[PDB]
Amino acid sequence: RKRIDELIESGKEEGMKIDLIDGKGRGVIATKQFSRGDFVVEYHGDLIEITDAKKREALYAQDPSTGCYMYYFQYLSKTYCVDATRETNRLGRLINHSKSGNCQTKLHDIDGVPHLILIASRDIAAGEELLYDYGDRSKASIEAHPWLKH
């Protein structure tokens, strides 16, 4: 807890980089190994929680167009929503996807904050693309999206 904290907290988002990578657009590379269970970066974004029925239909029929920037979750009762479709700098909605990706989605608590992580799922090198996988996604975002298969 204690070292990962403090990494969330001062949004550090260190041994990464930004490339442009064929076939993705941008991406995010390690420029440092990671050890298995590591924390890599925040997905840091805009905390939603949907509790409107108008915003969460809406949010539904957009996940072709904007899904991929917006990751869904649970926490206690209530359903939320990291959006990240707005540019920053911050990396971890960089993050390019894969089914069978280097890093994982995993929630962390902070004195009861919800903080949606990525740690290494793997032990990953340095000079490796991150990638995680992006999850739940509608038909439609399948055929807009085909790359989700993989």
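Numbering follows the first chain given and starts at 1. Take the two forms, superpose them, and find the largest set of C-alpha atoms that agree within 1.5 Å; that set is the rigid core. What changes on going to the form deposited in another entry:
The residue that stands out in 110, 125, 61, 29 is 61, the single one whose Cα moves by 2 angstroms or more between the two forms on a rigid core fit. Residue displacement note: residue 100 has its CA displaced by under 2 Å between the two forms (rigid core superposed).
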Given for the second form:
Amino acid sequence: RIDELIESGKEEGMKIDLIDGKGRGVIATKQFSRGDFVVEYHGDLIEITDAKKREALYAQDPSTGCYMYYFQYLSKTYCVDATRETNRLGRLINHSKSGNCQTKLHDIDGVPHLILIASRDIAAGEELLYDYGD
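Given the form deposited in one PDB entry, state the structure of the form deposited in another entry.
Partners and other molecules omitted; one chain follows.
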């Protein structure tokens, strides 16, 4: 239904670009409707003890930012750790208080996935910008 895109792992309709005056960002290359799946925030799904271990081990200054997103799913606390400098576009989508992408928890076979959903219609060539949807 929508699990198909998650399992796919494809990241279609977006590309990397220099936003002139902004620096790096992710750009829509196709039109999105409100409600459409945009992209997964891909990362290791881990419990909170492993998250504390990884956090303590990563050789990163906290001033450069954190890729570890905590959330609660079915009474349990999880972490999606995108620290690995992957080639996934989801973790390079920039933030904005008034974004065109909101976060959603999507469950497949009991496993939570952190995905971005279009919160409005988006034009080809627009910058994809996320907000914490809650």
